[PDB]
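Just the one chain here, laid out as structure tokens, in the form deposited without the ligand.
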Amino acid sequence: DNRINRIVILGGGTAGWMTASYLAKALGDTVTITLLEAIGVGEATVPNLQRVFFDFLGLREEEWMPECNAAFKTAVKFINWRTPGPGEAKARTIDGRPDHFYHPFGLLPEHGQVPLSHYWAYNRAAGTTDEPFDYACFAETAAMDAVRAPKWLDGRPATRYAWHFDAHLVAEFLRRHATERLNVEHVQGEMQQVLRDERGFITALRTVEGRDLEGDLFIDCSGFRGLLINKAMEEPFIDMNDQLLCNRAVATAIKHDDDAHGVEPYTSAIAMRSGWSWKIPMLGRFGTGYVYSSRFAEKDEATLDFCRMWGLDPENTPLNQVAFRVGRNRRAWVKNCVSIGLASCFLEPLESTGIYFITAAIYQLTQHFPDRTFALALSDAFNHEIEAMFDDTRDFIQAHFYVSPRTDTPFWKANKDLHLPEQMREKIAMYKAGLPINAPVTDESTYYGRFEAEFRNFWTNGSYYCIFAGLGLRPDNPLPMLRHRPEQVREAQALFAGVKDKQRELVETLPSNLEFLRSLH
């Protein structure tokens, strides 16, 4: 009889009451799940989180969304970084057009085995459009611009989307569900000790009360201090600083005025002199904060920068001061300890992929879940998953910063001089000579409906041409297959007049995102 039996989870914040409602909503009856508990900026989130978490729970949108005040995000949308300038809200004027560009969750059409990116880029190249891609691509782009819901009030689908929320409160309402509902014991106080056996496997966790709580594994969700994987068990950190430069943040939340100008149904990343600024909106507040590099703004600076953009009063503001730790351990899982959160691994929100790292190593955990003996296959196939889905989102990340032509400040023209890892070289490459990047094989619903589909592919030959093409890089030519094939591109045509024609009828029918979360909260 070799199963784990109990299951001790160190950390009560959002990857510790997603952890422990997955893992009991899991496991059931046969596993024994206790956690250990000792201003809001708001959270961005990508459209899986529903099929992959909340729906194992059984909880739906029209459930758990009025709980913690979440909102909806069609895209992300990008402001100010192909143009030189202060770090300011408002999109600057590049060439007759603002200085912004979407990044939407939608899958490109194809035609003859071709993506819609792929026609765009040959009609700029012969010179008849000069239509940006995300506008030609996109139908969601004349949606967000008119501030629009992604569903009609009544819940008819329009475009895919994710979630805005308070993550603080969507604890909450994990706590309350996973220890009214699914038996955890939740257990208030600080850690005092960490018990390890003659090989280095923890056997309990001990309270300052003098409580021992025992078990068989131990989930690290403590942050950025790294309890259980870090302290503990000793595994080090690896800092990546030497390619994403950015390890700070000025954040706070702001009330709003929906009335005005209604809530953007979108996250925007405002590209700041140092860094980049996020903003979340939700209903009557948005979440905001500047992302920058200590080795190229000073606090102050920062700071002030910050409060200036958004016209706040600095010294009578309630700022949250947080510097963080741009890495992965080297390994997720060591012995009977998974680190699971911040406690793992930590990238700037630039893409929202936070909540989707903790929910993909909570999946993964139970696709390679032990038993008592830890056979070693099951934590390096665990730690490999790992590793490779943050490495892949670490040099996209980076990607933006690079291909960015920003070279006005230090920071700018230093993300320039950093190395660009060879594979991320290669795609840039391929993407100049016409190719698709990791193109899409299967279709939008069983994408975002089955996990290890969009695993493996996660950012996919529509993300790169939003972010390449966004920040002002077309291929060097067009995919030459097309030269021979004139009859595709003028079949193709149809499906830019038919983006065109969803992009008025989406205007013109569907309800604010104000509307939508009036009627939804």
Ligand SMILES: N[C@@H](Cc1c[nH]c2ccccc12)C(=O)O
The other form holds:
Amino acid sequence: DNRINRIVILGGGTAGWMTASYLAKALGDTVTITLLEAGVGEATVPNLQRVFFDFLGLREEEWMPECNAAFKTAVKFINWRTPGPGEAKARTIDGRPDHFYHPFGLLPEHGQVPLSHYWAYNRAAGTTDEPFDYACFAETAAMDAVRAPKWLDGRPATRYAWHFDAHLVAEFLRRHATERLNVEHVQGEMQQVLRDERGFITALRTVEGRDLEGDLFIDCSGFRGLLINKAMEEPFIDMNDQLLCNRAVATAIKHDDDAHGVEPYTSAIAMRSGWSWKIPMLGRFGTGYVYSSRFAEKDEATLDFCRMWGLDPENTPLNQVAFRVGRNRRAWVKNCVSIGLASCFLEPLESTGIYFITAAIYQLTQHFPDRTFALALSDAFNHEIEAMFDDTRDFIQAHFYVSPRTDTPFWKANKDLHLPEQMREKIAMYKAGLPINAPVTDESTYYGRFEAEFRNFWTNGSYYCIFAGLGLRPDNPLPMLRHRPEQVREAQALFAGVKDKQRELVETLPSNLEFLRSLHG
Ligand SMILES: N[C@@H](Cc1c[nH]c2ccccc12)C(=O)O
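Counterpart to the form deposited without the ligand, namely the form deposited with the ligand bound:
The next block holds the full complex; its first chain is the one shown before.
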């Protein structure tokens, strides 16, 4: 009667085929879906399996071997506290290497107080100088030991996500969507966008003559935004005043994994005018220098990038990419919904690209319209997308704002940018000893249901991982702890349990290389 009958997806990369697969599984044979289609590594977050691949019925043992996928236990931040050149290895500060981890999972609590706050109490008490991540996360020792996140037979050990080749994932999903979910793939470019009297898109015209008619249209055309920006004329909110990076130079490097294994984490390596990612996979790693054009020249960044990896810049294939940092004013206008780069983009500092797509796809089915296109459905969708993006945007900027580096104009200028009021409050709260967005559920519920994580994506553990990782600690511990000395004494058993877990994980887990060879061999 009024149900959507036909959906047309413009764009055939990761965003397009994730959208085509998920909507085709959700809607079944009730909707015709057609996609019009005209690697330096990518990292993800743990919810990708339960929200996406589990929805499609795809076990990790099936889709991982077909995309050269590898495991991610954390993001490791390197040289964000010490001045110097852009180098792959961590510098030394206070006898330790200048690195810290941002693992997944939720911190345990004693007395409804996160473990981070007991670590901060012991740092203030002067009885320990251990870093926050090594005291509260057992995953830190495993990643140093380059362990897999699971035993070879599948026994679980630590919360993990995935590194993979985005092109191979897109091809896997295309072969899934077309062979199993009746999604129709159409080659060729888009000649014109047909609109009716109200401005709603009515069909996409190919260069051959074919109208791809539909009731709902999904813009997955990447930075080009052929539908949402060009056709629908929705303006883009440039946010590069707040996040200065807007360029990247990237490549693939073959890696002899038998020398030092395969790191089960994404690296984020501080540079003179930005930061470099390192995304390890079996036999090779993807890497890219993200920098600000306003502080480094193209050739400068290119040479800095090659110098860090010992690459010959004259005989090295390089991707030179310019970024659009920000989001559309509205992600969904009339019957056009933008997903992926067509909607918004942030530098991949905390690996939120696939998550932004997965979240936009989930929220789309939660607000799925009919041909009436009730304004409340797209308004509520746009608010969820807008709040999801701005929250992560402010979180990423705090990595630069809180870093103590002032040695280059770039690092120093980040301290001169306007700090958003809500992040100002979070830093003031953290300094007063308060938790920031402490988790209200256990880890099973958090990762079990997507709406629980969505409403609290960056928890207290994450703000402590970044703030304490960058050397910022509370002015004083949580004041109530000075009234609960028995809690402090009891909570120390939690630190001894982490040390117990660190010993057994290093001593019994297989290497990350061993698991990848079992999975891909
Ligand atoms: N909601 C995410 C938050 C998170 C923790 N550590 C991270 C590292 C990278 C990116 C996101 C995260 C999760 O717990 O899974």
